[PDB]
Each structure stands twice: as C-alpha cells, then as structure tokens.
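Undergrad: Residue strings, one per chain:
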Amino acid sequence: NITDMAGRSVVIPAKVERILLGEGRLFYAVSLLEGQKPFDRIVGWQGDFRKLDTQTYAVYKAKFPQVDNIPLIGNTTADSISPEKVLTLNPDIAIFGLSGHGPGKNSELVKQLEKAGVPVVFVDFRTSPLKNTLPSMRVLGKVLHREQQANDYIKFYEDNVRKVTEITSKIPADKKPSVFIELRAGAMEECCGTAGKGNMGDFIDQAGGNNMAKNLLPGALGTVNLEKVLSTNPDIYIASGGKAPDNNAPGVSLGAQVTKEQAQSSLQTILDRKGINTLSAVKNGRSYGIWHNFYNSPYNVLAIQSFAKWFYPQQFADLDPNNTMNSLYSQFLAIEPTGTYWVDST
Amino acid sequence: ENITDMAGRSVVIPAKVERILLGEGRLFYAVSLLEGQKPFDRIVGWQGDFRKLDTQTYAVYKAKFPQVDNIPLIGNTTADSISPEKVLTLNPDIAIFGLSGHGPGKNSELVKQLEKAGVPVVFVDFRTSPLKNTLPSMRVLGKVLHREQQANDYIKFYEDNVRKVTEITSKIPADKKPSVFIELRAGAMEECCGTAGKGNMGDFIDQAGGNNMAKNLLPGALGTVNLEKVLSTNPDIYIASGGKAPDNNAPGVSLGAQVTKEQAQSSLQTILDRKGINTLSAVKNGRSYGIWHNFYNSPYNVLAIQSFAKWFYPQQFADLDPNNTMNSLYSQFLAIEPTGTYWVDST
Amino acid sequence: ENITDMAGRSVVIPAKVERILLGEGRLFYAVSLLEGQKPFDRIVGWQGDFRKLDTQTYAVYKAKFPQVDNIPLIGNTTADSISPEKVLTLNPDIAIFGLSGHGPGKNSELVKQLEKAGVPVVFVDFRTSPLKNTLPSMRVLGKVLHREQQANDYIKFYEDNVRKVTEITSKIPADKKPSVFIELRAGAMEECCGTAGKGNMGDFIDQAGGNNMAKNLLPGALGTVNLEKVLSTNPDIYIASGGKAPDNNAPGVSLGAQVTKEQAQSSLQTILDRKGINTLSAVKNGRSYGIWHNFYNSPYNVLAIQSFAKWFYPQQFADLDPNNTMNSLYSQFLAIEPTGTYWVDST
Ligand SMILES: N=C(N)NCCC[C@H](NC(=O)c1cccc(O)c1O)C(=O)N[C@@H](CO)C(=O)O
Ligand SMILES: N=C(N)NCCC[C@H](NC(=O)c1cccc(O)c1O)C(=O)N[C@@H](CO)C(=O)O
Ligand SMILES: N=C(N)NCCC[C@H](NC(=O)c1cccc(O)c1O)C(=O)N[C@@H](CO)C(=O)O
Ligand SMILES: N=C(N)NCCC[C@H](NC(=O)c1cccc(O)c1O)C(=O)N[C@@H](CO)C(=O)O
Ligand SMILES: N=C(N)NCCC[C@H](NC(=O)c1cccc(O)c1O)C(=O)N[C@@H](CO)C(=O)O
Ligand SMILES: N=C(N)NCCC[C@H](NC(=O)c1cccc(O)c1O)C(=O)N[C@@H](CO)C(=O)O
Ligand SMILES: [Fe+3]
Ligand SMILES: [Fe+3]
Numbered sequence: 002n003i004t005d006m007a008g009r010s011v012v013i014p015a016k017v018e019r020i021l022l023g024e025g026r027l028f029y030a031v032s033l034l035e036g037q038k039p040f041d042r043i044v045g046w047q048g049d050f051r052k053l054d055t056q057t058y059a060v061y062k063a064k065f066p067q068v069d070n071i072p073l074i075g076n077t078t079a080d081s082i083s084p085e086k087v088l089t090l091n092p093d094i095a096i097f098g099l100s101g102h103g104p105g106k107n108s109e110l111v112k113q114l115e116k117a118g119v120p121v122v123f124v125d126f127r128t129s130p131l132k133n134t135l136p137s138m139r140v141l142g143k144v145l146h147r148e149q150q151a152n153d154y155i156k157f158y159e160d161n162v163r164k165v166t167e168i169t170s171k172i173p174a175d176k177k178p179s180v181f182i183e184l185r186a187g188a189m190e191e192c193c194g195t196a197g198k199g200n201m202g203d204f205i206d207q208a209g210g211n212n213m214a215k216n217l218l219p220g221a222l223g224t225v226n227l228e229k230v231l232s233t234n235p236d237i238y239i240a241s242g243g244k245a246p247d248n249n250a251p252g253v254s255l256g257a258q259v260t261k262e263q264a265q266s267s268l269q270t271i272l273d274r275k276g277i278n279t280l281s282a283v284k285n286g287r288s289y290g291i292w293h294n295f296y297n298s299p300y301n302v303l304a305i306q307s308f309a310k311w312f313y314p315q316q317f318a319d320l321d322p323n324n325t326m327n328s329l330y331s332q333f334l335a336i337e338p339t340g341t342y343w344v345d346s347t
Numbered sequence: 001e002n003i004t005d006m007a008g009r010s011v012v013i014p015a016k017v018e019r020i021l022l023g024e025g026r027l028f029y030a031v032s033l034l035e036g037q038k039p040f041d042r043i044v045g046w047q048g049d050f051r052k053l054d055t056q057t058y059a060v061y062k063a064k065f066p067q068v069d070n071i072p073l074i075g076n077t078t079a080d081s082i083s084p085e086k087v088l089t090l091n092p093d094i095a096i097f098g099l100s101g102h103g104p105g106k107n108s109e110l111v112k113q114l115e116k117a118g119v120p121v122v123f124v125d126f127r128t129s130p131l132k133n134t135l136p137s138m139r140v141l142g143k144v145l146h147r148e149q150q151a152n153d154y155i156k157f158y159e160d161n162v163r164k165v166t167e168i169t170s171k172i173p174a175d176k177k178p179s180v181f182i183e184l185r186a187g188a189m190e191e192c193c194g195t196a197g198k199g200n201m202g203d204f205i206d207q208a209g210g211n212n213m214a215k216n217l218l219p220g221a222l223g224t225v226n227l228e229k230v231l232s233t234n235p236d237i238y239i240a241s242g243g244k245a246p247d248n249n250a251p252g253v254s255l256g257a258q259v260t261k262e263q264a265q266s267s268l269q270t271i272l273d274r275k276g277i278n279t280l281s282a283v284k285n286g287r288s289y290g291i292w293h294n295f296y297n298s299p300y301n302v303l304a305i306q307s308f309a310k311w312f313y314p315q316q317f318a319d320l321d322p323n324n325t326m327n328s329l330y331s332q333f334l335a336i337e338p339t340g341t342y343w344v345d346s347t
Numbered sequence: 001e002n003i004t005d006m007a008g009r010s011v012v013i014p015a016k017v018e019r020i021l022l023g024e025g026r027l028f029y030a031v032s033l034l035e036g037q038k039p040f041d042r043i044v045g046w047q048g049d050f051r052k053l054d055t056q057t058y059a060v061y062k063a064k065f066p067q068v069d070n071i072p073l074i075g076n077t078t079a080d081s082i083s084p085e086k087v088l089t090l091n092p093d094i095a096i097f098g099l100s101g102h103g104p105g106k107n108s109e110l111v112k113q114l115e116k117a118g119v120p121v122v123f124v125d126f127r128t129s130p131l132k133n134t135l136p137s138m139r140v141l142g143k144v145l146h147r148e149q150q151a152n153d154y155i156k157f158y159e160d161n162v163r164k165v166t167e168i169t170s171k172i173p174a175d176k177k178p179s180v181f182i183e184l185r186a187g188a189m190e191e192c193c194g195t196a197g198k199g200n201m202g203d204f205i206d207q208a209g210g211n212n213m214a215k216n217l218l219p220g221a222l223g224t225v226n227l228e229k230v231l232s233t234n235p236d237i238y239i240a241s242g243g244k245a246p247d248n249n250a251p252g253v254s255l256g257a258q259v260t261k262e263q264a265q266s267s268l269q270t271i272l273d274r275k276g277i278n279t280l281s282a283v284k285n286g287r288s289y290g291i292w293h294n295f296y297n298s299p300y301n302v303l304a305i306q307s308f309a310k311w312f313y314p315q316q317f318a319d320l321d322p323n324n325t326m327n328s329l330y331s332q333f334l335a336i337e338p339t340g341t342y343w344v345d346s347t
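In order, the protein sequences belong to chains C, G and D.
Per the entry's author numbering, the very first residue in the first sequence carries number 2; after that it's consecutive.
Per the entry's author numbering, the very first residue in the second sequence carries number 1; after that it's consecutive.
Per the entry's author numbering, the very first residue in the third sequence carries number 1; after that it's consecutive.
Simulated from the structure, these hints should not be mistaken for lab results.
Be aware that one or more of the hints could be misleading.
As the list claims (entries may be wrong) - Below, simulated BS3-like cross-link-like pairs (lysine-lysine); rule was C-alpha separation at most 30 angstroms, straight line:
#1 D:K106 with C:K164
#2 D:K198 with C:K176
#3 C:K143 with G:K62
#4 C:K106 with D:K198
#5 D:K112 with C:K171
#6 G:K143 with G:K177
#7 G:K106 with G:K132
#8 C:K171 with G:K106
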C-alpha cells in the first residue's frame, strides 16, 4: 500500500494495464516511466493534453499514430467528463491531480470509481510542486510498477535542481530580485494571471527569486491587477505561454514546434502591450518567456533552471537547460526534443 | 530451571524451542546474534515492524533467505493491530516481548492468553533502559533459547567495545561535557521534535560522555520538546535519527543497509536546512550528525554509543572506528554481509 | 467570518464573545487596548502570570476593579501547570494563546482539547517576532473580539509613534550604529546572561537603529550568552530588563506601576555593580539603562522601541518623550491612570 498526494491510502494493483488519466497532461509523469512504449497502458485520458498541448501531441502522433485512438473522457474541464464513458473503459487505475482541468479528491467520479473497485491515485505538480513533484513520481513508480524508472528520474531531478539550490538557498532575501510571472500572458480575459504560494511561485522561490504575488494571493493561482504590477515595478518580468506558431490569437508561442525567431517575435508582442511596455524590467531587457505547461509537469526542473539563469545571469552562466532537456529526453522519452521552451527578449 | 526476565517475572526454560514468537519484529536483532547461519529457522511468526519499518535490512535477508516472506505477520506496527487468534494458531513454544514499543507489554491481554495456553513469555528491553537492560536481556535470551554460548560471546564483544568508550568518558566531569540534542525520526514526525529523556538513546549520550539537553525536560524514555526550546538551549551538538529508504521521497534521514554515504549526506542536509534547525550553533559549526533510528531498540546499540563518543570527543576517539566494530559483529555472529550507511557526518 | 492567526491557522470569528480565555495572563495587555472602561467584563479565566509576574499592574487594576481577584486562574506561570479540566468547565467561547511564553503553544494537548470542544483558538505573538507580529496580532484580536475600531485606532497610534523612530534610524548605516547588549531579568536568573537574539527585544534594538551583539550568537528569540562573551565584545550600550516590585529583596531591577525613579535608579545600580558587569565600558561611561521586562511580550512595546532610540541616539531623539506616548496610550485606550517607572537611566 502507498499514501498518495491527497493523504489517502491506495492498494497497489498486482498488474496494471489500463491507466486512466484524470488530466491528460499527467501523461508527462507517465512518459518518464513507460520508456519506448509510452501509450501502451493508457485506456483513456482527459482531452487537455490533446487540445491544450497540440504541439507535443503532434510530435508523439507522427511516431505513434495510435495516440489518436486513445479515448477522450472529456474536454478541458472536470465538469465535461462523462463518468459513464470512464467506467466502461474498465480502468485498473486512475491517476488524478489535486488541482487542474480534471477531477479532484471530492468529485463524484472519484467516489464512483471507489464503488467500482478501481484504485485512485492523487499526484500533484501544480498546487505544490516543491512539496509534491518528487513524492508524486515515487508513488507513480510504485503503483505502475516502474520503480526503476521513477528512481532514475528522481536522481536526475534532484541533481539538476541541486545545481541551483546549492547556490540560491544561501542567498539572503534583500539580495534577491523581485519577480512577476504572468501566466498565459496576453491570452486571458482579465489581466493578470499569476502564481502565489504555489505553482510557478515554487520555482521562483527555489531559483532564489522574490515573487511579488507571494503575499497578494491566498492560493497557488490567482489574479493581480495590471496597476498593481506597474506600481510594484518588479526587477524581472516573466510571461508564460504555449501558443502554437500559426495561431493568430494573443499569447506567447512556445513548445515543440516553435522556433526561437517565433518565440522572440511573439514574446515581443506580449511585451509591447500598454502598461507592460513601461515596466522597468521590460525596458531593461529583464523580460522572459517560459512554456506554460511547466505549471503542471515533473519536467519543471527545466523552468527552475531557466529562472535561476535569469535571476543571477553570471552565477549560472555555465548552466544549460537545453542540455538538461536533452539528457531528460534521451534517458527517459521516446521522442526527439524539438522547439523552444524558453526565450529571452531581443 | 527458571530465569527472571526484564519485567521481573520468573520464566521456566523450555526443554527445546523450535517455534519462537516475536512480539516486536525488530526483536529479531537480538535473536540474530544467537542463531548463527540459520537466522529464521526457529521463528514461527513476528510483528510486522521489522518487515515494514526495516525494509532495507529485511530485503538483504530476503535475497539470501527468500523464506523470510513466508514467516507470518501477527500484526502491522502497533500492539493494537495484533490478532491474538492468529498468534495462538501458530502454536508458539516461546514468546519474546518488549517492555515497550510497537508490540504488547507486560499487562496486555495477549500475554494473559498465552499464559492460559501454557506458553512461556519472556520480556526483554533495549528501548526503555538500554544501559540497565541490554546485556541482561541477551543473557536471558541465551538461556531460554539454548544459545548460552552465542549470548556470552556477544556480551564479551559488547562489554569490550563499550569499555573502549567508558574507560575514557567515565572520568570526564560534567562541566567539560558537550550539550546534545537528539531528534528522533527528525523531519518525519507530524510535530517537531521527538527525542529521548532518561532512557533510550539518552542512555547512549550518557555513556558516550555527552549531556542530553532533554534528560530533565521529560519524565520518560521518549517524549517531545518544542523547536523553540531547542533553539533556546542552543546545544553544542545536534544529532538526527532516521531509517528512511533511499527510494522514499517522504521527509526524513536516509540510513540503513541500502543507503550510500552521498544519499545519507544529502538527506541529512535536507533535515539540517529546515527553518529554525538551520540557525542552531551546532548546525552552523558542523557539529551535526545522523544516527540510524533502529538503534533505539537493538543490542547492536554499541555501534551508536561508539559513533556518539567519536562525535562528542573527535580527537580522543580518532582511533576508534564503529565500522570495524560493525564488520567484526557481522562476521562473528550474523549470516549476511554488512552494507550501507548507519551513521553520517554533515558536509 | 474567518481570519488567519499568528500560527497560520484559520479561525472562525464568533458571532458574539463573552467568555475569553487567556492562555497567558499578560496577553491581557492586548485585550486591555480593546475593552475600554470595561477591561475584565469578558474574561472567564487566565493563566496566573499576569497576577503573579505582574503584581504591580495587577494591584492598580484591583484597586479600581476588585472583581479581578475572582477571575479564575487556570494555572501558575508554566504551560505544564494548566489543568485542562478547569479550563473546559469555564465554557470559553474563545481562547487566546501565544506562539511562545508561559502558556500553551500551537502543539499543546489543551489546544487540541479545545478544538474537540468546538472552541475557537487564536494565536497571537508579541514575544517571538514582535516586529512581524505585533500589529497583525492586534488586527486579528480586533476581528475576533468585535473591537475593530479600538484595534484600528491602536494600530494607527502605534505606527505613527514607531515611525517617529524609524524615519530616522532606517537610514542609518550599520557602521554608525552602537553595539547593544540586553540582559533580560538581569541579576535575577540562575545563570547569566539571558538575552534576545533575532526576535523579542532584539526586534526593538533593530528598529531603534541599534546593533544587537547577540543577534548572531543565538538561533532563537531568547537564549543565553556567557558573561565573558559580553565582556569581550564590550558593547557600546548596556540595557538591563526587570519588573521587580519595590519591596522585594530578591535580586533584579525594580520597574513597574508602583516603582519610583529613585527605587529604579538604586536597583539598577546594584545590577551594574555586579562582578564583571561593572568593568563594561558602557557601564563606566554611563551608557547603562533599565527597561521594564514585560515589554518583552506586550503591544505597548512601542514604549521600549522609543526608549531604545533615545538611548542609542540621545540628541537625534532629544524631542521624543516616551512618557507622553504612555500617557496618550493610557488616556486614549485604558481604564487606569499611568503611574511608576517603566524605564530608567543610571545617574
Ligand atoms: N476553462 C475552465 N473553465 N477552467 C480551467 C480549469 C481549472 C482552473 N484553471 C486555472 O485556474 C488556471 C489558472 C492559470 C493558468 C492555468 O493554465 C489555469 O488552468 C482551476 O485551477 N480551478 C481551481 C479552482 O477551482 C482548481 O481546479 O483547483
Ligand atoms: N478558472 C478559469 N475560469 N479560467 C482560467 C483557466 C481556463 C482557460 N485556460 C486555457 O484556455 C488554457 C490554454 C492552454 C493551457 C492551459 O493550462 C489553459 O488553462 C483560460 O485561461 N481562459 C481565459 C479566456 O480564454 C480566462 O478564463 O481568463
Ligand atoms: N503508530 C502509533 N500509533 N504508535 C507507534 C507505536 C508505539 C509508540 N512508539 C513511539 O512512541 C516512538 C517514539 C519515537 C520513536 C519511535 O521509533 C517510536 O516507536 C510508543 O512508544 N508508545 C509508548 C507508550 O504508549 C510505549 O509503548 O511505551
Ligand atoms: N506514539 C505516536 N503516536 N507516534 C510516534 C510513533 C509512530 C510512528 N512511527 C514510525 O513511522 C516509525 C518508523 C520507523 C521506525 C519506528 O520505530 C517508527 O515508530 C510516527 O512517528 N508517526 C508520525 C506521523 O507519521 C507521528 O507520530 O507524528
Ligand atoms: N518557569 C519555567 N520552568 N519555564 C518558563 C516558560 C517560559 C520560557 N521563558 C523563558 O525562556 C524566558 C527567558 C528570559 C526571560 C523571560 O521572561 C522568559 O520568560 C520560554 O520562553 N519558553 C519558550 C522556549 O521553551 C517557549 O515556550 O517557546
Ligand atoms: N525556562 C526556564 N527554565 N527558565 C527561564 C524562565 C523562568 C523564570 N522566569 C521568571 O521567573 C519570570 C519573572 C517575571 C517575568 C517573566 O517572564 C519570567 O519568566 C526564571 O527566570 N527562572 C530563573 C530562576 O530564577 C532561571 O531559570 O534562570
Ligand atoms: Fe490551465
Ligand atoms: Fe518506533
């Protein structure tokens, strides 16, 4: 038996072959365990990975066209999941997130699955990445019978994060740069989405930054008004996005099918917005883009490294997130790394 | 032919023993010193604490003895989870229990049931009063299990290896002794900070010539002291106990048979990086250490008394090496090979 | 409604409060700023520290309110002496506790008992982290006791009176600051010398633009530094805290509601005449002072921050008078008349 991220006891199945993904992008944690056979044990998933990660999807489709035939249990919201379609896939395990675009610990679907005799595991990369990322992988390892892959990934992760924390854990608060992260910048109805005590805030903390929204918000995600950002006038501005290159909607283009030219061109649009464009950080060129889906992925060590190099350029001159990304893919994944997951303003 | 156990009770020695019941699984450690190359041959069943709270030492014995998985578990990790029915159907001819711990005590119903069933019960203790009880416990186990030679051999080994410490620390006056705080299962409890009073690992601090800051804060062998009380006392030496497996992302110190030094140093450091702890003088000065938790209930505890002495007086015990003591212990008495890290220093 | 206390815990605000339990008696000081001319009307019971460790302020309130003697004492001066049974039979509708001090903390059993009984518990702090916690504590007490107006009035008063200091001392560079040692309950402890680190009266030294010599000697808010370490550091300014009653022949500094300037100066001098202390440069040069100890846990601590700034930079704060601040505090908020000596200079 194991304790999941909701504190609940889960009896590990003897053999797993029918994994249900409550949130599609929980695939990222699964991908680190399944080696060259990524989709072999997925009976169905939330449609967020296919619809909100179109780039990473297309790359896996070109090498694995059977991905199109994995059933979508819903669209991009917990409320759109048919519990009936879920149960007819006869899962032998269901992986859910404490938060996100899929069911949480108190949903009806979780109770239905408990009545059906199906083990449910809660992980978390989104609410409390710092507390939860590694424990989540340890647990997924045990319940999916991929302890070796999991232990390998934890060692890789700890080592690559320790490269940052060995330095930033000793830096005193008054020497840290102030940071604002604008999630899905440009692309929300009301500006400005950001992270508080949690989510990408954990990355700012680890990378030795000072999140200006840490004390403005009670939860992991929330909203701060444009004028509050202008008034705080933080040292460093970071925008997250995952927009596909050939999408004329507002947002930052980043992901597997994005070139540096397009990442720079679209970040600039984001930085040219009224108000934003007068920020000291934007004028001084301390303005950056990070791929949004790192907000819910155990690949988040790539962002902690990208934030650290932006917060202390020379102290992390020698650190290369692209090499960490390449080591990750070659050691663990079944596709080749492409595209741009981070960008600096021209 | 009768013996007095650690509960003051007389126990008549069985003519032949072949079905030993272990009230606490980790009481196996005392048994292992007697059974030579046939460690599990006489164990009918045991509490699940050894298998579930000592996964590393378990796995090593499993690789050499896969039949260990088939020894029945009479419960999980608490006295209240033991089914007395499963116990009695194993038809034990002796039951070994601890005065304290994760198994039944002298006043439990199960002890009375066993007395009604005609089964001798022996109380040992390595946990409440290690200094008073460890050697008497082994003497007794020797007599009731018909391994007097092994027991007497282990007592001589133990006394000699402890005397290496006490010859020096017994002459040191109180005012030249270091203040010490031991945080049991540091990082891994709900509320900080577990420790030992007059008993348990406190006995080891006493013997090794240290001054346990919790000796007078607590009435019993185990208890709790608040973080702020530790900060305020600001002791010269900080020690954290743990037994966490390397592959366990829960909080705590990794130590045991399957732990490397790098793993032990990295995980001790996490423990020392916690708010409050990290401002301790002992932590800043590098007088910060890790000890394997299960020494809190094992006659192998001479290893800890030695590690403490070398931490309490580094140069006066430069020449003492607990690893040589462990290697001699294993080769003389056990059926497995010593591996892993049972003690670590901070870098 | 709901609020966040000083332990990070959410507390549901009672609709009406009429039975306040004080975990530490001297938490009364925070309550007194809210209750106007009816100070004791809503107190069901309190720790005995206010009555036994603040005999002077007690006696003054007794002369105007003799019913104070009938408020139940839930214990003496230590968390361990509180009967949880007597507490629960008072049927409190709220309990106010301190993160630290002579009453229960966030992890005590009594706090859990009260949670089981359906009684809201609020943690405040004037003692561990006065700078971070004093004003947030008052805002919170305001909300849960339905005295938001009084609380907001006191915060404005406090901020303004502290700003009179910080406007000046916040711009002073470290190398122009005087070194300071504060000896808590000077002369009156078994082992010299109690003091404050990064917290407690240390926060006041920081705000008043001083350099606390124990800031980096200690991990916690309170601790101990040896006499010789003080002598060696030989700080610019020496401060002794006390609250001893005039007619008490025990050692310590006399300060409080019933102490005259001459009793405060005479008793400070005894404290400064002690072996070792009397060779300090600060003592010989007359930069030696007394501060009333209970400011170590009171939202009236703005009086200590102001007394400190005036000792640290006499001419820059020539025009500042902490006595006017106390009188403005008493007249605006309290139900008694200010008397006695809360601070003293050596002649
Ligand atoms: N399209 C919707 N109606 N909901 C979206 C899903 C869940 C929601 N998402 C976010 O708040 C969010 C914020 C910033 C950036 C993102 O990518 C986001 O997905 C959400 O998290 N809701 C909370 C509270 O209900 C939760 O599920 O815990
Ligand atoms: N809690 C909400 N109602 N909205 C916040 C999240 C929902 C929605 N998110 C996306 O469209 C999205 C796209 C790519 C990756 C993601 O994680 C996403 O969450 C959203 O942000 N909607 C905007 C309007 O488009 C909004 O509601 O502000
Ligand atoms: N999981 C539980 N509910 N109880 C655990 C077992 C019994 C308990 N153990 C400890 O207190 C303990 C403390 C520090 C370190 C350890 O390894 C521990 O096992 C226990 O000792 N109970 C006391 C009193 O009930 C006793 O048996 O004497
Ligand atoms: N007496 C108690 N109620 N708790 C303390 C002991 C119980 C538990 N112990 C262990 O997990 C354990 C592990 C390895 C070796 C041991 O000897 C153990 O006791 C424990 O400490 N639980 C924590 C919370 O999980 C706690 O009590 O706070
Ligand atoms: N009478 C006792 N045995 N203990 C008193 C408990 C409060 C204790 N007080 C001090 O340490 C103290 C030091 C200097 C000056 C003072 O006026 C003091 O009251 C205390 O603070 N305990 C801390 C740490 O244990 C706490 O409760 O967190
Ligand atoms: N926690 C401890 N063991 N000692 C520190 C404080 C205990 C005691 N305090 C007081 O008597 C006192 C008086 C007025 C106001 C306070 O806040 C007080 O704490 C104390 O100082 N004890 C002395 C012995 O006299 C000591 O322990 O050195
Ligand atoms: Fe989202
Ligand atoms: Fe235990």
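Undergrad: Mind checking the alpha carbons of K106 (chain C) and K198 (chain D) for me, to see if they're no more than 30 angstroms apart?
TA: violated, 41 angstroms
Undergrad: Straight-line Cα separation of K143 (chain G) and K177 (chain G) no greater than 30 angstroms?
TA: Violated. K143 (chain G) to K177 (chain G) sits at ~39 angstroms, over the 30 angstroms cutoff.
Undergrad: Keeping to a limit of 30 angstroms between CA atoms, is the pair of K106 (chain G) and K132 (chain G) held or broken?
TA: holds, 18 angstroms
Undergrad: Given the proposed pairing of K171 (chain C) with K106 (chain G), does the C-alpha separation stay at or below 30 angstroms?
TA: Distance of about 51 angstroms is beyond 30 angstroms: violated.
Undergrad: Quick one, are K143 (chain C) and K62 (chain G) close enough, alpha carbons at most 30 angstroms?
TA: Given that 30 angstroms is the threshold and the Cα spacing comes to 19 angstroms, the pair holds.
Undergrad: Taking only the CA atoms, is the gap from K106 (chain D) to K164 (chain C) under or equal to 30 angstroms?
TA: violated, 36 angstroms
Undergrad: Between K112 (chain D) and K171 (chain C), does the CA-CA distance stay at or below 30 angstroms?
TA: Status violated; Cα separation ~36 angstroms.
Undergrad: Is it true that the CA of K198 (chain D) sits at most 30 angstroms from the CA of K176 (chain C)?
TA: Holds, at roughly 19 angstroms.
In terms of the numbered hints stated before, the structure departs from hints 1, 4, 5, 6, 8, listed from lowest to highest.
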